Amino acid sequence: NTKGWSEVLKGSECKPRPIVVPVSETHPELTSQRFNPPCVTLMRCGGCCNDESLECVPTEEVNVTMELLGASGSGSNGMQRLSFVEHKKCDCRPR
Amino acid sequence: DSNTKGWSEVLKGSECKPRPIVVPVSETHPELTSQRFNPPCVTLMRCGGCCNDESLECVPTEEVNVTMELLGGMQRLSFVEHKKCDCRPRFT
Ligand SMILES: *[C@@H]1O[C@H](CO)[C@@H](O)[C@H](O)[C@H]1NC(C)=O
Ligand SMILES: [Cl-]
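Read top to bottom, the protein sequences are chains A and B. The first sequence lines up with residues 3 to 97 when you count with our numbering. The second sequence lines up with residues 20 to 111 when you count with our numbering.
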């Protein structure tokens with residue numbers, strides 16, 4: 003059935019939301035290597051602000067460590083614990 | 020550290036599966052862009068994640084309509100959501 007307006011609004015608000023991001027882009031300094039999985043889900047600020055002059059931006063972040071399959075010291079396949087920025091709070095702030 | 024995601028959780032979060040994504044209303048219904056909506060966007064379930072093999076793409080294998088109320092008075096707009104996904108050979 004139909005989603006009511008309150009539910010629709012709550013689903014479009016500026017808040018942290020999961021987003022799939024390429025791991026290489028989160029760690030550009032780890033060059034000449036591949037990551038498995040090559041993508042991760044990170045909590046990032048997302049949604050719509052009620053005004054064209056506002057953007058949905060983080061007001062609180064956190065670092066989280068994820069174990070991925072990447073490269074070892076020899077460039078072989080090996081596990082890597084890497085750190086990622088997640089957003090914990092967000093706000094509609096002027097540009 | 021209490022905030023450490025392990026191998027399995029990492030793999031699970033990478034899956035080709037339906038994921039919530041924010042979509043602007045004006046780029047879904049291009050027949051009503053002469054109007055602003057409150058809210059100006061919606062969350063739709065859409066397929067994403069990444070496949071084991073670069074020659075495959077994460078595509079929807081099941082699709083359903085969802086209706087939502089939005090302020091113009093109040094209007095019902097219909098959207099397509101993805102309920103199932105699969106990695107399929109890339110289309111040429
Ligand atoms: C994450 O840790 C780094 C230390 O390198 C720090 O600079 C950053 O502010 C931390 N994030 C928060 C807000 O916890
Ligand atoms: Cl793709």
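Everything labelled a hint here was simulated from the structure, so no lab data went into it. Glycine is no exception: its CB is placed at the ideal position from the N, C-alpha and C atoms. Careful, some of the hints might be misleading.
Computed footprint of chain B on chain A, listed as stretches where at least three residues anywhere in the stretch have a Cβ under 8 Å from a Cβ of chain B [as the list claims (entries may be wrong)]: (1) 26–37; (2) 46–55; (3) 61–67; (4) 89–96.
Right, here's what the structure says about each hint:
With 0 residues having a beta carbon nearer than 8 Å to a beta carbon of chain B, the region 26–37 of chain A misses the requirement of three or more and the stated coverage is violated. Coverage of the region 46–55 of chain A by chain B holds. Counting CB-CB distances below 8 Å, 4 residues qualify, and the rule asks for three or more. Against chain B, the region 61–67 of chain A contributes 4 residues with a C-beta closer than 8 Å to a partner C-beta. That satisfies the three-residue criterion, and the hint holds. Given a C-beta distance limit of less than 8 Å, the hint that chain B covers the region 89–96 of chain A is violated, as 0 residues qualify and 3 are needed.
Checked against the numbered hints above, the structure violates hints 1, 4; every other hint is satisfied.
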